[PDB]
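Yeah, one chain of the complex is gone here, protein chain that is, but the others are all in their spots.
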Amino acid sequence: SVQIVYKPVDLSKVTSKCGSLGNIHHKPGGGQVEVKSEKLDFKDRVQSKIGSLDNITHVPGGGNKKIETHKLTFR
Amino acid sequence: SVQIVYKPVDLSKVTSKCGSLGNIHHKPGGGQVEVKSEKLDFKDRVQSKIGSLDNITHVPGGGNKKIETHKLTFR
Amino acid sequence: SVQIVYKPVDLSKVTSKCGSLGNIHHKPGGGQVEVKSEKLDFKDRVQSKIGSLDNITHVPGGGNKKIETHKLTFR
Amino acid sequence: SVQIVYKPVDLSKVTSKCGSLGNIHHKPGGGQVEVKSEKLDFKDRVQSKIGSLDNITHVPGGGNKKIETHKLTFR
Amino acid sequence: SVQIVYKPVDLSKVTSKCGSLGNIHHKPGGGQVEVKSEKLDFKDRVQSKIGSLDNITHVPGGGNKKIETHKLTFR
Amino acid sequence: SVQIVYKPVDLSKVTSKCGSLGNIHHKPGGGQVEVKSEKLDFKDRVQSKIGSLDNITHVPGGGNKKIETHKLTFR
Partner (left out) sequence: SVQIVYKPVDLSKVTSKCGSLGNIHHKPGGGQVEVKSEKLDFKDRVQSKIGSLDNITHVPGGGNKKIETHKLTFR
């Protein structure tokens, strides 16, 4: 016989108090990109950017992240 | 015989108090992109950007994320 | 017989008090990128950027992260 | 017979009090990148940047991180 | 008494033989311009551009110029 | 008495033989310009560009120039 008991408890807390965020300026002068890739062959769970000129301004009032992977494997 | 008990408890908290967000400016001068890719062949769960000139201004009042993958596998 | 009891407790705390964020300026003069890659062949859980000219301004009021991987494997 | 009891307790605390953040300026003059890679072959859990000219301005009011990997393996 | 004789002779020649002109490509990625000029005051024979984002493709089969200012001033 | 004789002779020649001009490519990634000029005051024969992001592709089959200023001043 086998018994497995997986009873994790999480009363955890992730938080911020953040006042004014204010004067965020993001002013990029524009570059230049070239790519040559005579053939491509992607096959499983692939994430790809091949050519890109990508600006982001990401200004979250909180932006608090909490990743909580569980895995229970029996064989 | 086998018994498995998977009883995780989560009373967890993810939070922000964020005041004014205010003057976010995102003013990108526009680049230039070229790609040559004489053939492509994508086959399973592929995410792809091949050529791109992509600006984002992402300004969430909260933006708090909480990812909670469970997996229980028996064989 | 076997008994396994996996009962972790987490009352943990991740936090910030952050006042004004204020004058963040991000003003990049635009570069130049070239790539030649006569063939590519990606096959499992691949993350790829092949050519890129990517600016980010990431200004989270909190931005507190908490990664909590569990794994219980029985054989 | 076997008994395993995995009962870690974590009442831990990760924190900051951070006043004004203020005048962060990030003004990069734009470089130049070239890559030649006549063929590529990626196969498992690969993270790759092949050519890149990437600026980041990451200004989190908190930015406190807490990584908590557990693993319990029985054979 | 005074005599002035202004008898310049010009049998001059300005010329080109120019075959095919062919594949001129002019593909500009679009910039960004800002100007602040709280007051302006222009007064004689002024040529001005104050803000501009101006592309030209000027492809004259000849384009030969010949400027020939004379001036004779007596007092 | 006075005599002045101004009899310049010009049988001069300016020339080119130029075959094919061919593959001229002009592909500028787009910059970024800012100007602050709280007041301006221009007054005689002024040529001015105050802010500008200006591309030119000037491909004359000849483009031969010949400037020939004369001036005769008597007092």
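Going in written order, the chains are labelled A, B, C, D, E and F, and every chain counts its residues from 1.
Here is the rule we go by: a residue touches a chain if its C-beta (ideal position, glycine included) is under 8 Å from a C-beta of that chain, and two chains touch if they have at least 3 such contacts.
In the full complex, the hidden chain is touched by subunit D at residues 27, 29-30, 32.
The missing chain lies against subunit E, touching residues 16, 18, 26, 28-29, 31, 35, 63-64.
Interface with the hidden chain, as seen from subunit C, comprises residues 27-32.
We take it that only the chains that are shown with their structure count from here on.
Rounded to whole angstrom units, the spacing between the C-alpha centres of subunit A and subunit C is 5. For the pair subunit A and subunit F, the distance between mean C-alpha positions equals 55 Å.
Among all residues of subunit B, those that touch two or more other chains are 16, 18, 26-32, 34-35, 63-64.
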